[PDB]
Amino acid sequence: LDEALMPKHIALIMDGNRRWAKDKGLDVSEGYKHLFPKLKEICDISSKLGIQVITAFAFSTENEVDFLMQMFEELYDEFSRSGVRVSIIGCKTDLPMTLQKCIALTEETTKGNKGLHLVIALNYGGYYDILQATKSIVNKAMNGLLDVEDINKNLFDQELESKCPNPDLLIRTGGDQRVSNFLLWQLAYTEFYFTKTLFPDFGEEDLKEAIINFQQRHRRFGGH
Amino acid sequence: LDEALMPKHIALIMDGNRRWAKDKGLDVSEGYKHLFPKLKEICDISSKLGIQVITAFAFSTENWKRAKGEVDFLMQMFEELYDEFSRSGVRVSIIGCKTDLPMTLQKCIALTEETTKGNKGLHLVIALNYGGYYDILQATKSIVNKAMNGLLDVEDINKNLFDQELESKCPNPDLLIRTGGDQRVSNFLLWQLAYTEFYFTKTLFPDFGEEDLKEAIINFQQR
Ligand SMILES: CC(C)CCOP(=O)(O)OP(=O)(O)O
Ligand SMILES: CC(C)CCOP(=O)(O)OP(=O)(O)O
Ligand SMILES: CC(C)CCOP(=O)(O)OP(=O)(O)O
Ligand SMILES: [Mg+2]
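Quick mapping for you: the protein sequence lines, in order, are chains A and B. Going by UniProt numbering, the letters in the first sequence line up with residues 72 to 134, 141 to 301, in that order. Heads up, the second sequence is in UniProt numbering, so the first residue is 72 and it goes up one at a time.
One chain only, chain A, in its complex shape:
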């Protein structure tokens, strides 16, 4: 592990919680109860390593489920007094009104934090991020606030919910090799790391192993 070659932004697809529980013969709720505690541990480790941002896929727009929407309220107690600045991205208006308030509370109470920035993607999809940006651009163009000529990569970077700097590394647990409608635009040149390890079993040595693998890779960005 070389401290100089640390990625600044890690994206995380936190897959395998359901399978973890079912394979163990536990109630599926037991898998979900590991989600935020494990994410908090990963934030703690990452922050020590000098990682600046984590964007973590918690619930896609395509994803029982009454349980999940209630559990997602315990963001507050994990993070509110934690030193982590927390942002939530996704379709917030589709959520039960009380989860909406819990999310806002978590965001408001941590917005002053100067440590690691945790971005939780909850009812999020890449398609929907791109579409909301497109709509924002169209409304602006309709109101004479920009021209088609102004529609470029940087404009789009500013209208998307997940902002620059983009992820350097994406880690997906659970064994499947796909992005599953996570950060599509933002992943254009991200290094991908896939592991069979299920999210509840993913520890500090697994995280370190992913980062070491990242550091060995040559990033060329269309050049060299």
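Simulated from the structure, these hints should not be mistaken for lab results. Hints should not be assumed to be uniformly reliable.
[Stated by the list, open to error] With the C-beta cut set under 10 Å, the calculated list includes, among others, these residues of chain A facing chain B:
{"no.": "1", "residue": "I214"}
{"no.": "2", "residue": "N216"}
{"no.": "3", "residue": "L232"}
{"no.": "4", "residue": "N258"}
{"no.": "5", "residue": "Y270"}
{"no.": "6", "residue": "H301"}
[Unchecked claim] Stretches of chain B that chain A covers, calculated by requiring three or more beta carbons in the stretch to come under 8 Å of a beta carbon on chain A:
{"no.": "7", "stretch": "72-78"}
{"no.": "8", "stretch": "121-134"}
{"no.": "9", "stretch": "191-198"}
{"no.": "10", "stretch": "212-221"}
{"no.": "11", "stretch": "252-259"}
Beta carbons are placed, not taken as given, at the ideal position from N, Cα and C, and that holds for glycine.
Following the hints, put chain B with the ligands in place on chain A, whose structure we already have.
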């Protein structure tokens, strides 16, 4: 393992050509020269398997950053499109910003598209001066133009409409194969790859063969 039930659409990042050449103590041009013959070979195999679409990444919007000599060689070599695919039985389309390519390449592309448009087998989409950012931006511009001319409302902007404004269309790739060992999509079909299964192989593109293709397809199937 292999069930005779196949992906409709494979996306292909044709990578590792320069390293292939330099491993053999050759000029990079020699690596590039295998690009289209290899692509044509992959189309033949895939067609026998019953694959309907291949989208192959030939030149990105970022590849302009390379040495002027290499970019010049590539832009010249790409004119061999017509000789390579005219009589191949493949229906060929190009996606990407055609208007910024040399005029001779543009007319060569148009001719290759025109001459193969009646082919009823495999559809080969070649991404040339293409990027995912580019695709999404041109789609967005088109939607903005239509909204400003009263041809649609902001409430009509949904996944289904966007699917139809993008250059790479439905069905989206079932499987992405990238040669050369690097584990990234490098600004290829970003929107279109949202649920695609990724297969990354260390095998360099000029060495890619029928066994490497069947291995990828097994992974897709095991899913
Ligand atoms: C758990 C998570 C949001 C990451 C994967 O979400 P998903 O299971 O819906 O994606 P897939 O169905 O494609 O595997
Ligand atoms: C194959 C292609 C036309 C573009 C993708 O390959 P690339 O070598 O430009 O991608 P990287 O620089 O990210 O390795
Ligand atoms: C087809 C193309 C121009 C890009 C893929 O080949 P490449 O030049 O990137 O080969 P290398 O990865 O070895 O540099
Ligand atoms: Mg390359």
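Consistency of the hints with the structure:
{"no.": "1", "hint": "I214", "verdict": "6 Å, holds"}
{"no.": "2", "hint": "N216", "verdict": "6 Å, holds"}
{"no.": "3", "hint": "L232", "verdict": "9 Å, holds"}
{"no.": "4", "hint": "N258", "verdict": "4 Å, holds"}
{"no.": "5", "hint": "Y270", "verdict": "7 Å, holds"}
{"no.": "6", "hint": "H301", "verdict": "8 Å, holds"}
{"no.": "7", "hint": "72-78", "verdict": "violated (count 0)"}
{"no.": "8", "hint": "121-134", "verdict": "holds (count 4)"}
{"no.": "9", "hint": "191-198", "verdict": "violated (count 0)"}
{"no.": "10", "hint": "212-221", "verdict": "holds (count 6)"}
{"no.": "11", "hint": "252-259", "verdict": "holds (count 6)"}
Consistency note: the structure conflicts with the earlier hints numbered 7, 9.
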